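*Asks:* Each chain, written out:
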Amino acid sequence: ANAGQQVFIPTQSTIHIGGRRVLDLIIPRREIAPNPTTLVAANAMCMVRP
Amino acid sequence: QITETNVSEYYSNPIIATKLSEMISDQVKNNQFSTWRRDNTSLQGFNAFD
Amino acid sequence: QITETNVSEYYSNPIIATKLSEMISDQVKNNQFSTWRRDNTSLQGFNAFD
Amino acid sequence: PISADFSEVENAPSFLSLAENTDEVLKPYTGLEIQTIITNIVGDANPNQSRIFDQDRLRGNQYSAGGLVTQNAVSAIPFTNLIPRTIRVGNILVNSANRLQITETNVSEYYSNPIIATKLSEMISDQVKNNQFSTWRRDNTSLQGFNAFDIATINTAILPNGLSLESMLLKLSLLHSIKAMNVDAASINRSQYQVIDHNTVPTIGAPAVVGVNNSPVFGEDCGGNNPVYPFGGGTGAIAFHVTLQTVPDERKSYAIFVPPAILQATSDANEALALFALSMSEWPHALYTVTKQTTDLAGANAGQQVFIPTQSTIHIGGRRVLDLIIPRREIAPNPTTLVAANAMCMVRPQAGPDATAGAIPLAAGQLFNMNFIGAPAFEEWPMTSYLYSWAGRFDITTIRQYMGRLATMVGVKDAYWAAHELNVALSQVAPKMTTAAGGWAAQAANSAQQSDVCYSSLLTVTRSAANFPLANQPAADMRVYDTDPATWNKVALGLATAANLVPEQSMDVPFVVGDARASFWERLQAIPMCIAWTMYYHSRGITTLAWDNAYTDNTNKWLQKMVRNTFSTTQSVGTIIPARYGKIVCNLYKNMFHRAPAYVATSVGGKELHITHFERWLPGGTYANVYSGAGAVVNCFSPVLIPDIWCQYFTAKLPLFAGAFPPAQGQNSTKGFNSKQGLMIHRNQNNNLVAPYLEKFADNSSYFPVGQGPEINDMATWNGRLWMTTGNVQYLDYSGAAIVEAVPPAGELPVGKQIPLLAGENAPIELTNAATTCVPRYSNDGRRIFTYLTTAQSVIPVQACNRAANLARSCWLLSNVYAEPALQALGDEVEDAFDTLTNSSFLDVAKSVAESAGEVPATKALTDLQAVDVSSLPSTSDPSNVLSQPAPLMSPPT
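Residue numbers (PDB author numbering), protein chains in the order written: chain W, 1088 to 1137; chain R, 889 to 938; chain L, 889 to 938; chain C, 789 to 1682.
Be aware that a few hints might be false.
Cross-link-like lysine to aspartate or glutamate pairs, in silico, EDC-like; alpha carbons within 20 Å at most [what the hints assert, rightly or not]:
1. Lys917(L) / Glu910(R)
2. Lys917(L) / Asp1652(C)
3. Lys907(C) / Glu897(L)
4. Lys917(L) / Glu897(R)
5. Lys917(L) / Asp914(R)
6. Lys917(L) / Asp1111(W)
7. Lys1648(C) / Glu892(L)
8. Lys907(L) / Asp1657(C)
9. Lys917(L) / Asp1037(C)
10. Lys1648(C) / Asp914(L)
11. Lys917(C) / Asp914(L)
12. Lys907(L) / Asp1652(C)
13. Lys917(C) / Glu897(L)
FYI, nobody ran anything at the bench for these hints, they're computed from the structure.
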């Protein structure tokens, strides 16, 4: 008689592990070049742009 | 509901150095300046000084 | 009038590596930075990183 | 065989001797054993030249008990698959009053022959690992027109079970069995149209027409031109993808690749695609119909009758929607634009030559609008309508070539043959018997009793209780294997292999798959199955009402066991296990026909076991019972389906209690067993009831002790048949009281179905077309049942047991012959001159491909040379091995 969407919270979503808060990730570069100094020289440089 | 965990350090199975890292440290010992030049990079995409 | 064709992959007679490509992969293994410098090129006319 | 003298029946094998395990190898039952006996065709003949339209009966001379001979006497072939939806009534053809039959399957995963990854997969993993040294995202791993990112994800996380292919092959075989009706009328039996409608006559000149959704009554058309699934009532969905990326996230895991190796014919390949799509969606997608011209028994009134094939009503559950991932014509970057895509699809799908209405209407021949990244909108079609359009275009000869290429990818011989065995087992069907004194009877036209029918296993077929589409699912009748899309994707691309999956030649496809004679041949393959199940149920005396309530009853512990053990409801180590007493019926088959049933393996912890169709039935159904002449049901007999002449003329060897009564020869006629055999007569307080020589335990069990039931004993059963075959038996308690089970009007026995006669035929006489062996012994409430005669009626038969008198009987005048097997291969084939001109080359190229599964000319020794760091290649640190079952070892404790 009474259809509707209904909400459920997964148990996996509630477990707490790790918790490291801040992170710095280093990425591969497309070309054999010295470390970038201008902004465009930086953005064009990396293997993938996040 | 909530769950928690005590994450712990893993000292079991300590690592072994590759012959690559061995020769690198040898080059640091004998002070081989050329190997970590400013614009040298691997095909991996990371520069040699790192 | 018209004609067509099913082009197919040719797996017969698989290729062998030259000693040149062998030593190149050895240089990639042992991480020889100098061999693929930024401005190195062959007399063929193609640069080394390629 | 028929017996010539009483010496032969007296020396016949005991039942236990025929039920023993047999260890020898044996050939498949092709159904040609029965063909050379009931037909002109001994040896080969062209189906056109033979007129097997008239080869549809058992014929012969009969001898009467009174000494007369009836020449050209006849008997119908009991089985069929066609269901009339318009019955002749009062010479005038009219709509059916009765609802259609239905069937259900329990599809599921089970362990099959153990599976192992191929060399091609190792090369792929090494390509990835070597690719990891360079900051280039590159497409070395592409194969057969598929994206490099797809081959990578098809190369991951293999499933231990194995691969089956069985449900696929079922759907194909059912389809073939239906399209085989489409051939000319000269080579389908006349009888096949008149097993259920005995008042109609088919016309030879015009072929039958196979349509879809045409039925007049009970909503049988599934929306007609606008279609829906007959069972679920829904509509499917189907979508074609160049690459897996365009598949919505809700269903990227269920996607199936469509390998390029099919579609290699210059024959329309857009149809082969449709027949790949049909063999993996839910079945039936629509109710097929067979319309045939027929006429009145006087020949006077003519019309078009409508029929439903039994193959078209059996439900193999599965997948409403499909993503079909098509091969790319030219190796290339993924088609970000449309024109790059369509001009590069190896085939561009389009609807078949038929229009459809409703939402998403489809004009004939309409083209699918390809899916690619950045497209303005997603596109799909209802699949019931997409399949509705090609439904008129399949035919036997194209299924043969389709399966011929399919055989080149995966071996399909033995698997298909087993699927065909399931086909015959679930589709061939026969009407319930009528009791009478004489040789023929049939139920009143357009009655519920006229249309009630049973399987070769003596289980009744269930009916629908409401108009289609059905709102609610029926119980499963039998359980089959399922075909995983995941390991299908792995196997089609050469990435995985198993001992059952070794590739075969296109010539290995079994003969039934091509021929127009196939309908007749399926019709003949179901008889030995009933002979096996009949000897099984008749070895013990248990009545129909007693089987009917057995699974649950608490009156007797033995009966519950006796039923629980005949169905397949057990497991171990994650796999199906065969029914315990199905093996008896299997042995019984092998020993009587000297032929082996088709089987498939199940791996119990790496140990293969054979399952046959005898072992995979499921509980729930009512058992087969005869009707009175007035239509009242009769419970008292053991289950029966066919006249015993079928059981006894077509077996190489037979059980003793079931042999034919010997011909009169001078003084001798028939005879009975006595106390010299270990038997003894039953008597009670009444002085006017006499029962035959029976077992000595019969004296001490008005009720069977709990934990115990009647035991096999051929001779007492023989005597029970002698009491029954007199015209005036009485079915009663130890005391002479009435049993609870419904009993026939006095002196009547079940008798075979009537069909119209041809000129020169005669009807069967007396008990020449009756069942006789169904001798009740175990009552529903635990009592014995005794066959009694009054004293004066009792005197001649008892002396016949004492070998001092003779009892008259009727018989067929037929001699015995049983052929050595017609063919070893399971496939027909003949050398042409060119086959001999080009022999050796084929012989070794064949073997060079059979070993070549998952091989490429490049070997690891070559591709090592190109590698950067050979020691770190996974093929080095992980030589590949066959996965163990139920699962491979993980996390060993060092």
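*Asks:* Against this structure, judge whether each hint is valid.
*Replies:* Cross-check of the supplied hints:
Taken as a hint, the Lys917(L) and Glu910(R) pair is honoured in the structure, with Cα atoms around 14 Å apart against an allowance of 20 Å. For the suggested pair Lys917(L) and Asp1652(C), the alpha carbons sit about 14 Å apart, so the restraint of at most 20 Å is met. For a cut-off of 20 Å, the pair hint linking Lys907(C) to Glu897(L) stands: about 18 Å separates their Cα positions. With a C-alpha separation of about 32 Å, the suggested pairing of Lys917(L) with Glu897(R) is violated against the 20 Å cut-off.
A C-alpha spacing of about 18 Å is found between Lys917(L) and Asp914(R), which places the hinted pair at or below 20 Å, so the restraint holds. For a cut-off of 20 Å, the pair hint linking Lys917(L) to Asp1111(W) is broken: about 28 Å separates their Cα positions. For the suggested pair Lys1648(C) and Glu892(L), the alpha carbons sit about 36 Å apart, so the restraint of at most 20 Å is broken. Taken as a hint, the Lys907(L) and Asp1657(C) pair is honoured in the structure, with Cα atoms around 15 Å apart against an allowance of 20 Å.
For the hint linking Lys917(L) to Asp1037(C), the alpha-carbon distance of about 40 Å lies beyond 20 Å, and the restraint is violated. Between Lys1648(C) and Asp914(L) the CA atoms are separated by roughly 19 Å; this keeps the pair inside 20 Å, and the hint holds. For the hint linking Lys917(C) to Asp914(L), the alpha-carbon distance of about 16 Å falls within 20 Å, and the restraint holds. The hinted pair formed by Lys907(L) and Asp1652(C) meets the criterion: a straight-line CA distance of about 13 Å does not exceed 20 Å.
Of the pairs offered as hints, the one joining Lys917(C) and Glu897(L) is violated, with about 23 Å between alpha carbons and a cut-off of 20 Å exceeded.
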